[PDB]
Amino acid sequence: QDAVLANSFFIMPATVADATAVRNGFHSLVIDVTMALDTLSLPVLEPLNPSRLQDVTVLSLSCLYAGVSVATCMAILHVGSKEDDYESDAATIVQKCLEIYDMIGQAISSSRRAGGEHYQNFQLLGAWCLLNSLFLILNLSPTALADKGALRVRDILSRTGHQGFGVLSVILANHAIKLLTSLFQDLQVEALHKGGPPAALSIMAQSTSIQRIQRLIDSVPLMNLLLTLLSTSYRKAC
Amino acid sequence: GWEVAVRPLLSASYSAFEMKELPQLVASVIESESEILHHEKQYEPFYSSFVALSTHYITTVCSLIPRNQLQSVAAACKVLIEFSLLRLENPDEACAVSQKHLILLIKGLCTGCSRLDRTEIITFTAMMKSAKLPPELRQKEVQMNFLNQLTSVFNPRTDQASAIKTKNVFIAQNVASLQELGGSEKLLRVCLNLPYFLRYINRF
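Chains as they are written, first to last, in PDB author numbering: chain B, 274 to 354, 366 to 433, 441 to 451, 465 to 499, 504 to 546; chain A, 28 to 161, 182 to 205, 228 to 273.
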């Protein structure tokens with residue numbers, strides 16, 4: 274919630290010590306994510322009314338951020354340095381994180397009290413979170429971590465790739481690609497035959517297609533993030 | 028030449044394009060693109076029945092076409108949809124294609140299926156015959192399909230199902246062309262501009 278104020282994305286599990294502490298907090302976090310997923314499988318969010326709709330989006334973007342932060346912490350672990369048990373725990377956490385995002389998305393999409401622009405804006409916010417997470421995990425090095433011994444996409448932007469990126473990073477990345485594809489297909493037709505300020509980080513926020521995409525472009529050099537991810541993935545596969 | 032073109036056309040009238048003359052039909056339409064667009068000439072009957080059966084047989088051959096000739100057919104049908112939208116927006120008595128048939132030829136390209144019946148086809152062929160503008184060749188043909196493979200990098204973007234895929238690609242191409250032309254909106258205007266619909270519309 275502090276982040277929906279365009280305060281950059283600011284994952285916290287990042288200092289060598291903070292990542293140690295969160296690996297400590299990994300197992301108990303799985304317990305909470307699992308409980309939440311089991312609960313929200315029932316018609317808990319049936320009447321998606323703006324009011325409730327806000328909380329429904331809140332919880333979804335909440336696991337999204339929790340998962341991206343766990344991914345960034347695993348990135349610090351592999352870059353800076366029962367271990368297998370904790371690794372499995374964090375994998376399960378990120379998986380259920382994406383799963384809850386998808387569930388709330390489909391709920392807002394097929395709802396009769398939510399959807400359309402509301403669903404589009406939920407997709408926009410999810411894509412924002414995922415892309416910012418990808419950027420943070422990509423641009424962390426042993427050097428930076430050791431020097432630190441609360442990443443800011445804007446901090447890195449003003450300061451200005466390989467390592468940190470892993471299998472959980474692949475997951476968040478595929479999901480971000482799905483969401484970006486969706487927003488860009490929207491922008492096509494919108495500009496039917498070729499046919504404002506950046507979209508606010510809020511579900512009901514009203515914005516044009518170009519705007520949602522401008523907010524997703526003002527948060528990360530997008531071309532850069534994407535091509536960097538391509539290169540890194542290709543290299544790691546090789 | 029126009030004669031020889033209506034010619035592979037009626038040789039197909041004899042039977043489903045051998046797709047050996049298709050590479051000729053795509054050629055004709057692409058170049059005669061401007062002629063059909065806004066001729067506004069007594070040739071209306073001829074050019075229009077031309078456009079009609081041309082759409083018909085190109086729609087007949089979507090399941091299987093040479094990748095490159097696939098691209099060719101795609102371009103030809105984009106042109107066809109363009110002209111059909113034009114006619115629908117600009118209803119003309121001299122046009123020998125009814126808006127009902129016109130919309131069906133457009134849906135036909137979009138659905139990778141042609142609904143016209145044999146009798147309609149024969150009427151068209153009849154009108155065509157009655158209204159007819161009333182080695183090096185292969186070289187030029189390939190040079191052209193090449194200037195096309197060069198400037199335009201098509202993306203499939205996804228042997229028994231291959232034909233279906235080809236049809237799917239063709240269908241997507243038609244839809245894309247329609248959107249590029251903004252024909253969907255044009256069609257909307259046409260629908261809302263129906264003669265009998267207006268009455269109930271106002272009443273409602």
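Keep in mind the hints are simulated off the structure, nothing from the lab. A couple of the hints might just be wrong.
[What the hints assert, rightly or not] Straight-line alpha carbon distances no greater than 27 Å define the calculated DSS-like cross-link-like pairs of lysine-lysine that follow: (1) A:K255 to A:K236; (2) B:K498 to A:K134; (3) A:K127 to A:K159; (4) B:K380 to B:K366; (5) A:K255 to B:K498; (6) B:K482 to B:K498; (7) A:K127 to A:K187; (8) A:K105 to A:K187; (9) A:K47 to A:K127; (10) A:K236 to A:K105; (11) A:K105 to B:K498; (12) A:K68 to A:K255; (13) A:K134 to A:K187; (14) B:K482 to A:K234; (15) B:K482 to A:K134.
Hint check, failures only: 7, 9, 13 and 15
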